[PDB]
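One chain comes next, on its own, written out as structure tokens in the form solved without this ligand.
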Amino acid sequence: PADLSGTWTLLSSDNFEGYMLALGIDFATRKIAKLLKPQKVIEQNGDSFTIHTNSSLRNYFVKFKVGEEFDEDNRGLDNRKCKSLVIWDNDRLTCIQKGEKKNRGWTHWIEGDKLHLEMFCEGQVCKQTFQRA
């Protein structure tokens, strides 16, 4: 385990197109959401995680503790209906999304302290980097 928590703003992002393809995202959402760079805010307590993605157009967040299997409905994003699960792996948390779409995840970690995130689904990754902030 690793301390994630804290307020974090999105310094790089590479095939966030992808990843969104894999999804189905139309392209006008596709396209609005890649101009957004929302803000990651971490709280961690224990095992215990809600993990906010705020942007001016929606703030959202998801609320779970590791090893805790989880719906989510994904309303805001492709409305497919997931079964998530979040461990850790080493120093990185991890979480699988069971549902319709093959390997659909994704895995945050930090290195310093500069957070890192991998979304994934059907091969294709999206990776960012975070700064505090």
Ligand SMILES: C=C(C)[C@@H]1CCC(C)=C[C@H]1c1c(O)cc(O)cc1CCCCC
Contents of the next structure:
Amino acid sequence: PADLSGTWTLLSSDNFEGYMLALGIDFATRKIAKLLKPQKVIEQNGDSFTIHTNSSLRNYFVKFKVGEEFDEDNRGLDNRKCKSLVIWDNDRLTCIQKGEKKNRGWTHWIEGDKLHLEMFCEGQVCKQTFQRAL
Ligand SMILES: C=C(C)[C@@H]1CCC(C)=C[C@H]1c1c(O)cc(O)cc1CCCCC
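So that was the form solved without this ligand. Now I'd like the form solved in complex with this ligand, please.
Now the full complex is given, and it begins with the chain already shown.
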């Protein structure tokens, strides 16, 4: 494990378009989504996490415990129900989102004090990095 906690500013983002296409996000929504640049806020306490993705249009957050399956409504995203599970893959926090789409999930890790994220669905990987905001 690693301490991923913090307030994180999006610094780079690659292939968000392909990830959203894999999710079927509509044309006008993809346009807006690529402009929003949400702040990522990770609250981490032992095995308990709350990960926020915050923008002016709306916030999304997920609250979970490592190793504890939970249904995720994805409301405000693609609105598809998944059964999600987050576990540590060495020092990379890995979420499997079981549902209609294949190979759907995300992974966070930290390199120095730089936060990394892959969001992926059916072969489309969106790679983002972040810097600590404050
Ligand atoms: C929760 C949000 C701030 C937005 C909400 C609206 C959409 C369609 C995408 C989210 C979004 C965004 O607009 C930019 C991002 O870099 C990441 C994400 C979260 C993942 C969205 C996957 C559909």
